[PDB]
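Shown below, as structure tokens, is a lone chain in the form solved without the partner chain; questions about how it binds or moves come after it.
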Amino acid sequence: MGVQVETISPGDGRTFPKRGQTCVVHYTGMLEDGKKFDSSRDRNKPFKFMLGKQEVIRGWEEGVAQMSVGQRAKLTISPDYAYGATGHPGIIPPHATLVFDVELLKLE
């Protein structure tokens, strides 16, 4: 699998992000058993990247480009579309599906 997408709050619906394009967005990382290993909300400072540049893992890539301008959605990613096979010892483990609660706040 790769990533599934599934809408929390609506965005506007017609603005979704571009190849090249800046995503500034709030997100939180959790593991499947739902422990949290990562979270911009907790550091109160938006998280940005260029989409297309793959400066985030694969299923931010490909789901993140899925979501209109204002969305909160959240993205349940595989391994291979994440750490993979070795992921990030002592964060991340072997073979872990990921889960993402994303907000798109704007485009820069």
Contents of the next structure:
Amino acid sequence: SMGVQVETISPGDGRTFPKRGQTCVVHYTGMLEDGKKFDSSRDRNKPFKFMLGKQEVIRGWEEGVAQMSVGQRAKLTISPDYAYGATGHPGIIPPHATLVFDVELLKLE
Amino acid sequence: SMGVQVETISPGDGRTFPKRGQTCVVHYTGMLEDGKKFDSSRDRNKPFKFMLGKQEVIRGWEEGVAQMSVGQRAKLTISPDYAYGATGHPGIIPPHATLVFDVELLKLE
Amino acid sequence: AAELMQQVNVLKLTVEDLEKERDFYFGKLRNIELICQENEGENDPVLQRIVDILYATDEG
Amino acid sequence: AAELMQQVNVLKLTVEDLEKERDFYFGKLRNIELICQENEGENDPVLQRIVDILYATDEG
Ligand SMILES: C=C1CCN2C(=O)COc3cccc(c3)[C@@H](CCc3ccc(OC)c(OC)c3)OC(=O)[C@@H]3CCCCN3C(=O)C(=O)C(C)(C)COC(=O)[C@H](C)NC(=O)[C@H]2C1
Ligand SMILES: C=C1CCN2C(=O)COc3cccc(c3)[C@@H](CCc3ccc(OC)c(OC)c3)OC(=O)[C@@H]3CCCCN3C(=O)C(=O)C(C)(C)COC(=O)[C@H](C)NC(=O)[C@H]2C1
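Right, and the form solved in complex with the partner chain of this protein, after the form solved without the partner chain?
Okay, now the whole complex, with that chain kicking things off.
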């Protein structure tokens, strides 16, 4: 099945897409495949930032966000080999876990 | 060369040796092979404890301390494949680093 | 001939090693995190700078 | 025949992945550590409990 599937919740501008080397500024909530929340940037009350191309995130995120335009809100369905795969994320994310994110691309720094 | 070499600085009781499942209580200073200090339990002002057999430490320590008796002070010369090997320890311990420890086995809990 | 099986069995050791070490650091971070969430009510500027690192990217 | 080279090339990916992830957590811990050593002079009981975890074994 598909490494990451991206589905629009609300559109972005349709024009401004991340390039490698740019910092993406993002709000997100992450859930297991059965819907159990395990994290939200909104909780720690701060957008999450990362640089595309710098290998800083799981591949579901690198490949997912890269397909969003600024302002877009997407649903990212990530399969295990684009997330934490076999090992999983000790005590938080089981092995072979599919992950769903609700992601908003706020701006590009 | 030898995975870990243990040399007496001062003897222990000669009788009480760690068994697997026991907690070893230890003071230590670690140096690179050229003598650059990089850590001392005495600094953080607390003995370091670990359980033998639980895979909690580099193999130079598991195999080294296991050959000390209570009260002993030893010099542990650990080669890279019993320490951090190729990767090393980011910014602290280079790749293929030989490590020397000054270790004292204080008691067995 | 098929010495690759020796290369293969070596690599498997490396991943069991690396995964143990990864899990260990991660476990420490989690625990530091709960230490913070157990004082998350002290409007502390230092503990807050540690929760920032906790969810940052080493880039920033 | 010697499909092991596919097993081998897979494993090498796993170690490059695991090592990156290990390095990343470790880097966070180091930084949390310097945050502490930059306040190591506030006789703070919370920051002190974090320097304990910093050099502990998950056993204890
Ligand atoms: C205690 C801590 C230790 C681990 N930690 C952090 O390190 C800070 O948050 C991050 C910042 C940048 C990247 C990372 C995570 C990476 C994790 C490390 C990593 C880096 C690269 C990888 O490839 C190249 C990989 O695997 C190939 C793995 O996470 C990601 O990329 C994705 C996409 C970006 C948003 C976070 N992400 C998620 O999935 C999540 O929502 C979390 C944070 C896991 C859910 O919070 C938890 O589980 C527990 C409660 N807290 C943590 O897990 C936090 C706090
Ligand atoms: C910022 C932090 C993140 C990393 N950290 C800790 O995690 C706390 O200190 C430990 C407690 C238990 C075991 C461990 C280290 C392990 C490290 C993880 C590990 C576990 C198992 C391994 O196999 C199975 C392995 O590889 C196969 C690797 O260390 C060891 O076993 C040996 C023997 C016991 C005494 C410490 N040891 C050493 O060499 C050293 O003196 C240090 C601590 C590296 C020198 O301090 C530094 O470099 C920098 C300034 N601070 C750290 O590095 C501290 C603080």
